Each structure stands twice: as C-alpha cells, then as structure tokens.
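A lone chain, given as structure tokens: the form deposited in one PDB entry.
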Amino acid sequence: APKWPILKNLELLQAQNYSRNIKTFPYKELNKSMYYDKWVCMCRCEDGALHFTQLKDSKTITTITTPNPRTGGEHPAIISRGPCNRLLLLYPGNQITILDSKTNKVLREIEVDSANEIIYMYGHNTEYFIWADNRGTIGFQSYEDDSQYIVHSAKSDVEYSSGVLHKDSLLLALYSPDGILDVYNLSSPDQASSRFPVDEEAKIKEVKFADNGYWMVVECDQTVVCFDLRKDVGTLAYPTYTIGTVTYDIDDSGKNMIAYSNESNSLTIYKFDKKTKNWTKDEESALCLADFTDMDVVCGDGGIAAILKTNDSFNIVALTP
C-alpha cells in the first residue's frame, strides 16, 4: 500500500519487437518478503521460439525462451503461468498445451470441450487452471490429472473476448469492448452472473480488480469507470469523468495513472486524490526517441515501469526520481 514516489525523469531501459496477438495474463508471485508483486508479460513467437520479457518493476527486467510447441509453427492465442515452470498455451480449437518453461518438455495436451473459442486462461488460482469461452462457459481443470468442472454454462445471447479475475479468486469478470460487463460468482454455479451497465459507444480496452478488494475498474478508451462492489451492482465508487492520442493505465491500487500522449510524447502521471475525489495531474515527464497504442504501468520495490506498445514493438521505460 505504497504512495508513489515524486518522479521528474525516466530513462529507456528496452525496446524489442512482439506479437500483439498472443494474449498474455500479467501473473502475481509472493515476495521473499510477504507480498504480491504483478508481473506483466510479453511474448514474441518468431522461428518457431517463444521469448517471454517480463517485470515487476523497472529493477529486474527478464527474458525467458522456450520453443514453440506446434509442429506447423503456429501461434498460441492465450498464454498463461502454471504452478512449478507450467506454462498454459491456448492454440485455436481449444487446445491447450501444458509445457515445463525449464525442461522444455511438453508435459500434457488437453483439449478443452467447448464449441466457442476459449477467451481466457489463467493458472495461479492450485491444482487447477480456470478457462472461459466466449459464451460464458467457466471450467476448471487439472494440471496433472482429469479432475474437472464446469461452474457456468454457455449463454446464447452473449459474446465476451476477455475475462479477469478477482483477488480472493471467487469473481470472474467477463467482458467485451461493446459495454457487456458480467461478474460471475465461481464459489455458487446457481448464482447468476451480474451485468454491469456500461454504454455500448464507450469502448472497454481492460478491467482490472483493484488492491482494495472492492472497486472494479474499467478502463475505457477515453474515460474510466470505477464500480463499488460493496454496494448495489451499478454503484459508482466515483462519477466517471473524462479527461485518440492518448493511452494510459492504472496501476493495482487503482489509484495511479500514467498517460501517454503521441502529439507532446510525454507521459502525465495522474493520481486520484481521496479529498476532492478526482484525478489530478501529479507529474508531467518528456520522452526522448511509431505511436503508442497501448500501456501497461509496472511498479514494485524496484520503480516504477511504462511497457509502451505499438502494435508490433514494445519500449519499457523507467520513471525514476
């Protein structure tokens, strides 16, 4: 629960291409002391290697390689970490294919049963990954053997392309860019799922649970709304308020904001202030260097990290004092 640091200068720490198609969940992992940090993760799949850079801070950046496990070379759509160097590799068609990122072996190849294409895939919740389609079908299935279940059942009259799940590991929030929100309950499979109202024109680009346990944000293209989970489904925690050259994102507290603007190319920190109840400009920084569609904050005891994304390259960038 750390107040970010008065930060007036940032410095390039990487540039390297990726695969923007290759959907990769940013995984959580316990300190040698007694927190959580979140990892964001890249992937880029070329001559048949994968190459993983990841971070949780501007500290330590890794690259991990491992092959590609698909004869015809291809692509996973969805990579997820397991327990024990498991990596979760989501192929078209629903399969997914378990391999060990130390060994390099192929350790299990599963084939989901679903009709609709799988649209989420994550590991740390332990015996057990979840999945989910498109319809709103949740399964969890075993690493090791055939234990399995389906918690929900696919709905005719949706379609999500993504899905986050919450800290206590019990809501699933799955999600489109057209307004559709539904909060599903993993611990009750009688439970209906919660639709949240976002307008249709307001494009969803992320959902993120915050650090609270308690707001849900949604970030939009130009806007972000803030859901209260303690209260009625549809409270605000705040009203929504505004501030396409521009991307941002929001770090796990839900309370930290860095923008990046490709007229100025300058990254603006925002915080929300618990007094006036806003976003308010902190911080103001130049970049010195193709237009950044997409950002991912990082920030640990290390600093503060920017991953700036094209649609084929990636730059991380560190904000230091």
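Take the two forms, superpose them, and find the largest set of C-alpha atoms that agree within 1.5 Å; that set is the rigid core. Numbering follows the first chain given and starts at 1. Compared with the form deposited in another entry:
- Compared between these two forms on the core, the listed residues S266, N278, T65, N31 keep their C-alpha shifts below 2 Å, save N31.
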The other form holds:
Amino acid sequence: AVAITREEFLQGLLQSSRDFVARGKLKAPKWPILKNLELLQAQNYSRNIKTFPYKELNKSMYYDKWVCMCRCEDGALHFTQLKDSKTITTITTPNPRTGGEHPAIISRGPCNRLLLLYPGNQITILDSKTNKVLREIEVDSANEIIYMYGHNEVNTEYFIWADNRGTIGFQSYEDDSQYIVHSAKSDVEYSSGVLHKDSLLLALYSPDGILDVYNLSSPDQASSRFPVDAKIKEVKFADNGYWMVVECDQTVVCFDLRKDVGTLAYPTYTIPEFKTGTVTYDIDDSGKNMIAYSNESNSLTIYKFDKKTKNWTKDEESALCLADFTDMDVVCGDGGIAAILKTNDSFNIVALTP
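Got the form deposited in one PDB entry; any chance of the form deposited in another entry too?
If you are looking for partners or other molecules, they are not here, because only the chain is given.
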C-alpha cells in the first residue's frame, strides 16, 4: 500500500494528528438572541439509517458540522445536508446494492467520499460527486460494526471502523490495506461511537450506561471506563478538545478529559421539564449552547452554559413558538442557526434568527 507495517502506520497517525493539534483552537461565534423562526422544509426520511455528522476545519480555525438525513427509495439514496440555514441542499445518489437494501450506517470522507455500511460488515464507497463506485470492501469480523467515520484533516488515507465488542481498525480508501489497533473484549456491547478532534481517542458506548474510551495510537492499551449511572442517547467530544459531553434522556453529564477518569467538568444538569416524558433536546458541538423542544407547548427553549457559575440557564428573551417530535439535531454555521426536528420517520427544518 503506502504503509507496509502497523508501526509505520501508527507513526503516520501520530504525525498527522500533531499537524492539526494546534489548529481549530479558536471559538465558534457566540449565539445571538433568537426571537424569530421559520419552517424551511418538511421531508420524509429513513430513521433506521444511522448517519454520523461530518466535521470540517474552516478558515477561521473552528469546526463546521454537517448533519445529514437519508431517504431510501427504489435504488436511489436521497440526502438532505446542511451546516447552517443557508447551506440546505438535497442530493440524489444511486444505491449500489441489490433490491434497494438500506445501508445500516452512512458516513462521509474527504474528497466527496460516501461510506455505505450494509449488514454483514460489507462496505461500499461512493464518490457522491461523480456517482462512481470506488470500493467494495468486506471487514472480517464476527461482530456487527457499529461505528464508521473518516476524519477530514487527520490521517486522510484511512477511515475508522469499530464493532460492538471493541474491535477497532483503520481502512485505506484506495489500497487493500488495513490495521487493527484494538481487538475484541466482550463484557461490552456497544451501539455507537464518536471520535475526538485529534483522532487519537475513540469513545464507544451503549444506551445502558457503558462508556469506554480507547486510545487508537497505542495498540491494545486498556480502555478507560467512564462512570455513568441513566439512559445515554449520544456522546460528544466538544470542540475545545477536553470536554466529553454525555447526553442522556433527562440529564447532561460532562467529563473533564484533563483530569482523572470520572472527574466532571461541572455538576450534572437535569433537563427541565421531563414530563417525562416527551421533551427532546440537543447540544451543539461547543457544548455551550442547547435547544430543547416541548411537544406539550410546541415551543423551542434556548439554554446557555455559564462558565462563571458552571451551570445551564434558560435564555428568557427567546420566545420561540410553532406534529409530534421525538428527537432533534442542531446546526450553527455562520449562515444561521437551524434546528432539525424529527419524528420517527419524517423531519422539519427550522431556521432561527435574531
């Protein structure tokens, strides 16, 4: 390939990681007072298809977050992508598989690469721009792959995959070349994962409290287990590089990666109101801004984390009122803040403005 030994690969990973470790260290712009809202788009989608948000370092040294929804019809994949209010586009790419089978996981890679995981650990890589098949890949592992991601800046010759018992490997986009850095355990049983900014730390987790962080650059080093009591719905590595935010059903737990495993950045926060109940919410990738929706009152509520007081408080100046949503995502590029409200098979995109 280009890397002949794992030792050679590990050195390329550390090097590339050190290239970008000092970049992307400026803060995203502070959120303004949001008073208006606009329903931009109502579409159907296939919720069973898990899509990981794609992160890109921008010229202002902070990260853009692209969120994607997929709708799978008759040999075609319909994508809706955005990183803010003005970057909403819908793309149609062909589904390379037989019988219109749905992918289990879809993720992006650099150079317009589209990673499609099908059950049985079979991966198809497409060029979303040219509609060509680039790779047909099989991963030899008895366990189901539950994480797949390609970093946009660090070690961009490979993408990452992980199965539900902790096998972690890298796969070359162009060559039949791969390297395993962690092998299967088993207490565990993971459902998802998330990669740290510097692409050296990978967190694998499950809804029932399990959270293990693996070090990708030192093979088979014991993973660290973080104490969560509680129902995990998402784990995020905040863009500042030292917060690990654990979004639960009605609690927010934030770990400080600089200290001993288990040390919190601030006291655990309870979501008001669960009723509880159908209130849903989402935190942006800065870990400082939060939007919550209430089905009962059809209202969006904005919370802000105060570094001084170390807790979340509601911004009362944001009276946002608007259809039964069960989940949501938030985006906030310089084009405007948008909230993606989701049911179990459709979504509405809501532009929020001052």
